[PDB]
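To start, I am sharing the structure in question, which I have written as structure tokens.
A protein chain is absent from this complex, but the other protein chains hold their places.
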Amino acid sequence: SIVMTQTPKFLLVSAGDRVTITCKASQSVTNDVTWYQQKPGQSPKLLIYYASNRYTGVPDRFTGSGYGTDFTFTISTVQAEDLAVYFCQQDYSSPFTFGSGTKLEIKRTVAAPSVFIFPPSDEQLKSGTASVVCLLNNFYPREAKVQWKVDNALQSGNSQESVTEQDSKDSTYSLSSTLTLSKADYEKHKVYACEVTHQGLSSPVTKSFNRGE
Amino acid sequence: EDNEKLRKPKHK
Partner (left out) sequence: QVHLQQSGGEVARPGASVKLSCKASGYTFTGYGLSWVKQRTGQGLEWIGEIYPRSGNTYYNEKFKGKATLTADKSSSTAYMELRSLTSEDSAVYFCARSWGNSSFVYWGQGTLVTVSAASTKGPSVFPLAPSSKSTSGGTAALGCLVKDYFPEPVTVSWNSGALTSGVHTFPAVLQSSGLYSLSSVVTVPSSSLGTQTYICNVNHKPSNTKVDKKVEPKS
């Protein structure tokens, strides 16, 4: 079958930059190439069909061109909301085949996280487990160090992190770290603290609570 | 009618 080779595999650009994606077909496919935008969570969205035609409602900054084997896709000025994976697809003959995709990521100025801490709910404690959540909101870049202290002892081995996709409005990330303890262990200590290191902070920030207070 | 006749050449 026809192979679509899509390059580059990722782009890291600033808002306002131009981006060009290239797709090369293993054999001629005339002009029957479609370009899709897939935002996180969503189904692919058709932007360009027959190599160069904008689908209804697609902004003017999206264009395509090409005939035969070499096709390009262009965003003239990248917007924050254009964060997505883009795919080429040849629709010329079965099996209809897609390119491997290009992940468009945005670089922006450094932003410090806002840090919040949540004790376990009284409802969860009834079940014998205690989850403590530390939240780092809307920061950039992605790199951050989160550390748990319980009664000022550094914790190891009892927490898990998750980071969001990049935000479609302000290009930041958010991150949670969840400390999980048995209720009995939770009740044996008083001070629960998460300590956050990030390039946008002048010094590490600690958010803490006292159990009960 | 549907579009099977239109899309048939793409399946050969």
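Just so it is clear, A and B label the chains in written order, and each chain counts residues from 1 on its own.
Methods note: contacts are C-beta pairs under 8 Å (C-beta built on N, C-alpha and C of every residue); 3 or more make two chains touch, one makes a residue touch a chain.
Q: Given that one chain is not shown, which residue among A:135, A:144 or A:179 touches it?
A: A:135
Q: Touching the absent chain in the whole complex: find that residue among A:44, A:64 or A:66.
A: The missing chain is touched by A:44.
Q: Across the whole complex, list the residues on chain A that are touched by the chain not included here.
A: 34, 42-46, 49, 87, 89, 91, 94-101, 114-121, 123-124, 127, 131, 133, 135, 137, 160-165, 174, 176, 178, 180, 207-209
Q: List the chain B residues touching the unshown chain?
A: Interface with the chain not displayed, on the chain B side: 1-4, 6-7, 10-11.
Convention: only the chains that are shown with their structure count from here on.
Q: Which of the residues in chain A come into contact with chain B in the complex?
A: Going through chain A, the ones touching chain B are 91-94, 96.
Q: So in the complex, the part of chain B that touches chain A is made up of which residues?
A: 10-12
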